[PDB]
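What follows is one chain in structure tokens, specifically the form solved without its partner chain.
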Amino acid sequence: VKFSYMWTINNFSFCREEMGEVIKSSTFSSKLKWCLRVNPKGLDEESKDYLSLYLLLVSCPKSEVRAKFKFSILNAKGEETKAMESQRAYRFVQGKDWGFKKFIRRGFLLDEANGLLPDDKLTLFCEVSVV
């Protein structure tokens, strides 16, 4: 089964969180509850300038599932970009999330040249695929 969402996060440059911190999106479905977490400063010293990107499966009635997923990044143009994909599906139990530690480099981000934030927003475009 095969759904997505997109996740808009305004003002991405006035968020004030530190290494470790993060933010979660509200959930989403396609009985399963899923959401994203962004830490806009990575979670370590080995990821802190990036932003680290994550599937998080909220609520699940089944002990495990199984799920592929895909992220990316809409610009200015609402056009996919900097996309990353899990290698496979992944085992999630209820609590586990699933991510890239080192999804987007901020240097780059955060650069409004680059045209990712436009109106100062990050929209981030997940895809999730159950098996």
Second form
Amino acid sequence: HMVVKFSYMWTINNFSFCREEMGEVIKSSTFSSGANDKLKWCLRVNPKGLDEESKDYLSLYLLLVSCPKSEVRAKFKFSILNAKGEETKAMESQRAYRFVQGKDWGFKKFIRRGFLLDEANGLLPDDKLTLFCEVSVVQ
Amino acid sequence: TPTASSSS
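Moving from the form solved without its partner chain to the form deposited with its partner chain bound:
Below is the whole assembly, all chains and molecules, this chain first.
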């Protein structure tokens, strides 16, 4: 089946200053395809994981904030833009997932904190975490 | 390889 494909670049400034504890969430602004499909999406990150078993990781999800019909099927890909402006450390759905309004899908163990937070690895230029999300909605 | 999941 064909798709409508779109993207959002989320810059989280002053990332080293995040005070989020395990289970606390930051949501992005809402975004859409611009195809007037009435779908609104956002990203959400847990800097210290969804739960105790994931507290060593950032957990990253795509949330369907509002939709007109009962269900949407969509593939998704998340990557980090490094200091050289290139995509790295990407994770992508192996198939389309079924979203309804208020449902998310993503990666509970998206990136290990001990790796991300070491500035020498080039993922927090200017103390900014920049995430790039591509969404493909199945038509 | 990681698999996708939902927070709910």
